[PDB]
Amino acid sequence: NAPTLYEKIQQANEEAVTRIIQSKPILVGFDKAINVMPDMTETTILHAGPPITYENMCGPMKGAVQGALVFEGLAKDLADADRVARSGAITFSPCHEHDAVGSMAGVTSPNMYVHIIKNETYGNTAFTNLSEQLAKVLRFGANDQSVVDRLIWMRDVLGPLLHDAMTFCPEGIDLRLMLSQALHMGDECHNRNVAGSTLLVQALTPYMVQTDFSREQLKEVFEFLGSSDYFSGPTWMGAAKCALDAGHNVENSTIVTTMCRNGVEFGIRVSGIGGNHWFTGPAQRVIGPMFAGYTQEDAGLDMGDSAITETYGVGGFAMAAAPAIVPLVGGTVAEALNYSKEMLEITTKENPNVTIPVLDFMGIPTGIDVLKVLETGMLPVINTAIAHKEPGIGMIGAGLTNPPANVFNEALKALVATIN
Amino acid sequence: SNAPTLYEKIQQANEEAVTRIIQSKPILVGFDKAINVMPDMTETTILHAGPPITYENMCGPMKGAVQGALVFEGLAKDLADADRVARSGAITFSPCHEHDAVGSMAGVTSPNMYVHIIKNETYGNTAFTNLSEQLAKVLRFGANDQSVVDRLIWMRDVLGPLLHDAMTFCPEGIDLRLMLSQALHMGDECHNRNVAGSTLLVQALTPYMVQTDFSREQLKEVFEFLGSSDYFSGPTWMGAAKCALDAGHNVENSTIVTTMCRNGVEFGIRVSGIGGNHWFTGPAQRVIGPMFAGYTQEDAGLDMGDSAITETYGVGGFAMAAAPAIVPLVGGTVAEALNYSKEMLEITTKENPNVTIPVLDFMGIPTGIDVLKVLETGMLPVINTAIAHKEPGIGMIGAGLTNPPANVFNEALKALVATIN
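Chains as they are written, first to last, in this note's numbering: chain A, 401 to 820; chain B, 8 to 428.
Since the hints were made in silico from the structure, they are not lab data. Mixed in with the good hints there might be a few duds.
[Said to hold, decoys possible] The calculated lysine-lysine pairs, modelled on DSSO-like cross-linking and capped at a C-alpha distance of 27 Å, are: (1) A:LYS789 x A:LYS408; (2) A:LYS741 x A:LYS619; (3) A:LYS619 x B:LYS227; (4) B:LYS380 x B:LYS357; (5) B:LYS349 x A:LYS741.
[As the list claims (entries may be wrong)] Now the stretches of chain B that chain A is said to cover, found in silico as 3 or more residues with beta-carbon under 8 Å: (6) 228-237; (7) 320-334; (8) 358-369.
[To be verified] Just the calculated beta-carbon pair ranges, DEER-fashion: (9) B:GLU353 x A:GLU745: 36 to 44 Å; (10) A:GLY693 x B:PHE176: 36 to 44 Å; (11) B:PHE176 x A:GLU742: 48 to 56 Å; (12) B:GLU228 x A:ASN806: 33 to 41 Å; (13) A:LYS536 x B:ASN346: 39 to 47 Å; (14) A:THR732 x B:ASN410: 49 to 57 Å; (15) A:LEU577 x B:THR303: 50 to 58 Å; (16) B:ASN346 x A:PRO727: 20 to 28 Å; (17) A:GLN696 x B:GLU128: 39 to 47 Å; (18) B:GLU228 x A:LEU577: 44 to 52 Å; (19) B:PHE176 x A:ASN806: 52 to 60 Å; (20) A:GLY693 x B:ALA413: 51 to 59 Å.
Even for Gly, the Cβ is constructed at its ideal location relative to N, Cα and C.
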């Protein structure tokens, strides 16, 4: 009594999405990437998006890698760094291929500090760097003395104090739970992190104080953390990565387990294909509110791993939860309420642990299924920060984008061919 | 001719009054023992929520409050004794409202409790409120074990002083209208759901507490205390609202409500054009809503507390729409909550642009409940509040929707038509 092919996929997607939903990413500590991540070398630099060579990277990402190389000691300055990167001496590699995710340029170097996030349920581990805090920052390609000065402080004090702080928190911090409180306080955990960041520092505060650091280091670190609302940003991405990784490599699943971009190409991974097989197409423009005297002409293409957030069910998929981002991202609140409802049409089921009050507490729409995106013709709606096409400069606005279509086509083809 | 006519003079006065309210900017500047900073305090003076009320006529839970308080202040050896002292002529019982303060639930506030000191940056008037004790077994609900009096002492021996000291490292103060601003974009409504506000406040306070001379060991238990409940900023918003509202009080000819409060027996309001501490009073009402399991509506007491200053300001139940998280706690439908915040506009003078509700396309909260419009529409202020056991100390046993009583507005109007030169 054999099962039908479409029936295989239904079963696989149920297995896949159950693992995603039942995942309980726990924040366990912090440590230099080199000390704690897989396949790391002192000459490895990780970045956001699918694979790409340095020569092909876009302005901002190059800038971030130059900034990074100088932070590492590997270069006396920017002009030098570019020479060093171009030389074959550096190994470049996506975060995703090292069980990590990076925000924006997503450049992460051996002695940057990272979140250590462990899946309570299924045992896998995810990693992600810390938010610098301002707008003029490495993850946007800026790379002043000021910028590397701040990387240094983070390596030399912030990192160490968080490492020591989690030492006094043997239980870890349950990120799904905190994520779910966040969506009840008007965040979608992608471009709105206000509530999430405030929960995080509340949670971290008493452990920090139990540290050997001085009152004065403590104050300046409290101040950095209240500097902007983006501190938990990376945190939610890591939880999402931890969760989605538990749903990868399931024999016949058509669930998207990764969506990322590097400012030149968008790449996806699908569960039933497994491993690091990427499907890539052109990164799209990001249409939205532009900042202080800026234009669409100035913006680079979509960039960053933050999209792992929508792949989980949050961010743009949860925009109904966060009507407050509308001025920042464009559109009506009407539409913002609608997206979460429409995303039900291309996902596999509601996540009963993360709910949205304005929608009568419906679970977030979880598990993008390539088949449904093809049949409905609805590409996932992503929200994102807009970055300048020039290195240096800052974040310059925010808006809405979609993945390219080709990518889902190519994945559909790969699947129906795998199953025989 | 426009020979300055009447309905005008009211339209003009409401403009000035609501402009004060909207433009007030309440700044949290300090903390200190009531007796050190509040107007007309004496050591034998104790404050309660709602309009004036003798002790003998107070209700179960609030009598328990003056008793716990008295034991703490050290004016009676014990509960049964306390009740004796209160009944003797040796205590002045007067409302928070008449000392520029406000009080949550029983609202009892005695000389040695610590209060927020909140000062109007625009208009320069000050308001005060006590702090959240943080548990369910708590004085504001009438409970008075040893445990409760101990926590009260802890709050005045340690927590209190810590707070006071922290705020001296912060000479700019904390801007409350801004923070409230942000809370309402984070799913709070600053009456029933206070999570966002509370988390924004403990975070702004931390840097300053750390600059203090308290031991780490002491900071440790104070954090434990601050996250034991999400209610820590609740009083803070009452104080904010009280501070703004008072600056809109005493405007000749104005029919704007500047106080709504209750003491478990009566509901009482003040109107700007009437002024001072002239109170209009009716029967406090039942609060009907979902019940905490094992409890039922005949367990409940009548509406009690000063927390309704919140809807007097434009927030709380008036902001219902901003806080879809509360629907199953406070009852009703989400569509109904959107609808109520819209409705409230026919009762109010104009939208506050500085404080807005995202889901309603960022309309400003509805400000300036106008006696005259309450009357002509027939529509009463909606207030969402906690339902509290009628017995002392049992505490919150659910929540729901209530209203002020119709009569209180009728009298208002009649007192107005009799004043307006």
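Hints, one by one, checked against the model:
1. A:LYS789 x A:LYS408: 44 Å, violated
2. A:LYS741 x A:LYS619: 43 Å, violated
3. A:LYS619 x B:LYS227: With a Cα-Cα distance of about 16 Å, the restraint between A:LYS619 and B:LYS227 holds, given a limit of 27 Å.
4. B:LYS380 x B:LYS357: 12 Å, holds
5. B:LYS349 x A:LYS741: Between B:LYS349 and A:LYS741 the Cα gap is close to 24 Å, so the pair holds against 27 Å.
6. 228-237: Our answer is that it holds, as 3 residues pass the Cβ test (under 8 Å) against chain A, meeting three.
7. 320-334: With 3 residues in contact (Cβ-Cβ under 8 Å with chain A), the coverage given for the stretch 320-334 of chain B holds.
8. 358-369: Check passed, 4 qualifying residues.
9. B:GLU353 x A:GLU745: 36 to 44 Å: Because 39 Å falls inside the window, the suggested range holds.
10. A:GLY693 x B:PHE176: 36 to 44 Å: With a Cβ separation near 38 Å, A:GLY693 and B:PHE176 satisfy 36 to 44 Å, so the hint holds.
11. B:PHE176 x A:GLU742: 48 to 56 Å: The hinted range 48 to 56 Å holds for B:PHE176 and A:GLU742, with Cβ atoms some 50 Å apart.
12. B:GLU228 x A:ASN806: 33 to 41 Å: With a Cβ separation near 59 Å, B:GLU228 and A:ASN806 fall outside 33 to 41 Å, so the hint is violated.
13. A:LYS536 x B:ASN346: 39 to 47 Å: Given about 45 Å between the Cβ atoms, the range holds.
14. A:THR732 x B:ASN410: 49 to 57 Å: Given about 33 Å between the Cβ atoms, the range is violated.
15. A:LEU577 x B:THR303: 50 to 58 Å: For B:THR303 against A:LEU577, whose Cβ atoms are near 32 Å apart, the range 50 to 58 Å is violated.
16. B:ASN346 x A:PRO727: 20 to 28 Å: 24 Å, holds
17. A:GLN696 x B:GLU128: 39 to 47 Å: 40 Å, holds
18. B:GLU228 x A:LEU577: 44 to 52 Å: 24 Å, violated
19. B:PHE176 x A:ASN806: 52 to 60 Å: This hint holds: roughly 58 Å between Cβ atoms.
20. A:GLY693 x B:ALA413: 51 to 59 Å: Taking Cβ atoms as reference, A:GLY693 and B:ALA413 lie about 56 Å apart, which means the hint holds.
In the structure shown, a violation is registered for the earlier hints numbered 1, 2, 12, 14, 15, 18, in ascending order.
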